[PDB]
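Only one protein chain is missing; all other protein chains are in place.
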Amino acid sequence: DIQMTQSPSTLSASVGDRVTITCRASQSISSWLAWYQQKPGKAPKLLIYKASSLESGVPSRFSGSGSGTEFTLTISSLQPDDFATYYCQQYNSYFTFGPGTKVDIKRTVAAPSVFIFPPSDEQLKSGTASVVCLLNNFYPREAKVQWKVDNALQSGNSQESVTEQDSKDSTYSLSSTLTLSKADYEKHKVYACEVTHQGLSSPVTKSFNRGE
Amino acid sequence: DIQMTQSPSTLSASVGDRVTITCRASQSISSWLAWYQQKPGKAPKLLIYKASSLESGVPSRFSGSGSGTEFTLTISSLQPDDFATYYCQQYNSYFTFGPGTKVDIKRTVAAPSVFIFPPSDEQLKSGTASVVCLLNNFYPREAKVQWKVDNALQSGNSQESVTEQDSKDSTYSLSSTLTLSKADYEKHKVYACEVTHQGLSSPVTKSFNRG
Amino acid sequence: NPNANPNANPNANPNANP
Amino acid sequence: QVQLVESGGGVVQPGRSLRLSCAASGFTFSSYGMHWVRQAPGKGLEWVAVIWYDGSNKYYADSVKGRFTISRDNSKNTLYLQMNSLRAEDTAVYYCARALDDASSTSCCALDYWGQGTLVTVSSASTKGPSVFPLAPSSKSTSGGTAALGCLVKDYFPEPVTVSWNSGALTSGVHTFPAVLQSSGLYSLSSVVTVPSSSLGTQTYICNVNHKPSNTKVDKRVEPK
Partner (left out) sequence: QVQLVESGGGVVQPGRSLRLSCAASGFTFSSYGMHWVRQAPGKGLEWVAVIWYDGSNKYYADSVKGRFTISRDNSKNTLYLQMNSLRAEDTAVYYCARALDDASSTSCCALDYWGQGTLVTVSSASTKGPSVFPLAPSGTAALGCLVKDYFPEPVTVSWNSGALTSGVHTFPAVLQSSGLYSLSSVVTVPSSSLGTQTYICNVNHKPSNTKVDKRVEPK
């Protein structure tokens, strides 16, 4: 299939900025490229078709360009209702979408406050152990969380959840939950959460030893 | 719907002139644009298709250009049989035609000869009264007629008709008919037709007294 | 062709030949 | 060569039905999509309908959808337009036209051959003969000048009327104006002719008005006043 990619994943912008987001195709799609807008909980909305044709009813500050394997969506002066996620889609060979680019609201860099929570004694009685790492009140969105259990890097063993910018929050918070069986949790001693984020001069590691 | 407009609406040219007329689409129609010629009482005739392809049998003096929204039809050297109305038509989304451009025969300015006709006694016996004003053999086509009844301007009670451009002298004629009830006709004395035209330095008024 | 025109097209070819 | 001969038009009242025909010859009718296009009096061209060569696909203008039906009989090489629920606004000359074959084109159509047209008149008016009145010339002396005379052809329906002068002997200087449709639904026209004033004393001038739908045939002598 034709694989569509987009950059960046999250773009920090302020009202009035000229914003560009890029879309790539794994092979030439000529000019058969569309751009969509989507907001949380809402349906996608067609912005651009045939790489550069503005869909009727769409504001003129939106424009598209490109051909072959490189495409660009341009917003000439970003407006408040433009904070959203944007998808490109090819229709040269079947129909495939890019991963999407989110445009969020720019503010000053904020390093996350990192907290780690051992499993509660109540849960250990139930037979499972959840270790929770909290990255609180940070910006921009990009953040790397690495789990280490007795210096062993965990891969595919945790799940993340994020609270978004809203009417009361200018920053993100993120939870990473590492779920283990009680038997496995008792087999190991050092549980560490390592956080990388552009507000920190070095990665911050928060850890505990099982049993205080 | 895609709207087609044409410019100019009317054009006066001479044999041998280079004539270029324009056609515009409200949205992009790519090159799917055709040009037609039509003469009074005759069916349209295809001249150009795909914006610039000359239809077989059409003289080489006809050409077309454009793609998108702006289109032109050009006659390199106007011929006597080219005086007609020209239409453009898009076939990108359904099928819509432009309003048409009429190419008339250029000639010198000629003032109208004005004649006024009272209602006949026969018509008056029938209960109605029509007054007819004739503007004969004038050029260009633009002329204005004003009815005056005892020096009072009239409205809503007259109708005008204009002939096609004459074959022999390339002029126009125009009739204006003022229609009153016999009772109303008997209520007034002076009936006048006032005419203005490019060929007249001052308005011409023809009149008569009832009776 | 899955990318062929799936809409009603009055401007498609109505003749027997291309 | 290519021929498209139409028939079926006529004068009817709103709500009535009419069926137009277009008989083709000189080409392989069955290989071509066909169109109907109309032209209201003094107006431009308006597309009406299209039908595929095999009769499968049909498309209509919004103004006729649900009232007009396009069809064809390839064995009879004939195109049809069934017009139901006619409205006064359907008054026009209707043309059948052949879709141009352009192999390199991915959009259609231009119309490369047109029929002669058939006239459809839809009106609530009823047939009425015209009143023919003299437009008498002035017998005033103008030396070597010109006088004008004519006939007023008043309040008839439907079109057309034919007007001649002196049984067709008089043609020079004649202007028969296009009819004007009045608010009552009736038509009127005038026909005039300019003559030398010096001819008024001797040469008899007579307008001949024929309105076949009303069995009207009038010869009106136009005497100077």
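We just call them A, B, C and D in the order they show up, numbering each chain from 1.
Quick note on the criterion: a contact is a pair of C-beta atoms (placed from the backbone, for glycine too) under 8 Å apart; a residue touches a chain by one contact, two chains touch by 3 or more.
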*Write down which of A:46, A:105, A:110 or A:200 is the residue touching the left-out chain.*
A:46
*Of A:134, A:145 or A:192, which residue touches the hidden chain?*
A:134
*For chain A, enumerate the residues touching the unshown chain of the complex.*
30, 32, 34, 36, 38, 43-46, 49-50, 53, 55, 87, 89, 91-92, 94-100, 113, 115, 117, 119-120, 122-123, 126, 128, 130, 132, 134, 136-137, 159-163, 169, 173, 175, 177, 179
_Missing-partner contacts on chain C, residue numbers_ = 2-8, 11
*In the full complex, which residues of chain B touch the absent chain?*
28-30, 92-93
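Keep in mind that, in the parts below, only the chains that are shown with their structure count from here on.
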*Compute the distance, rounded to whole Å, between the mean C-alpha positions of chain A and chain B.*
68
_Using Cα averages as centroids, what's the distance between chain C and chain D in whole Å?_
37
*Could you please state the distance in Å, as a whole number, between where the Cα atoms of chain A are centred and where those of chain C are centred?*
42
_Multi-partner residues of chain C (each touching 2 or more other chains)_ = 10-11
*Multi-partner residues of chain B (each touching 2 or more other chains)*: 32, 91-92, 94-95
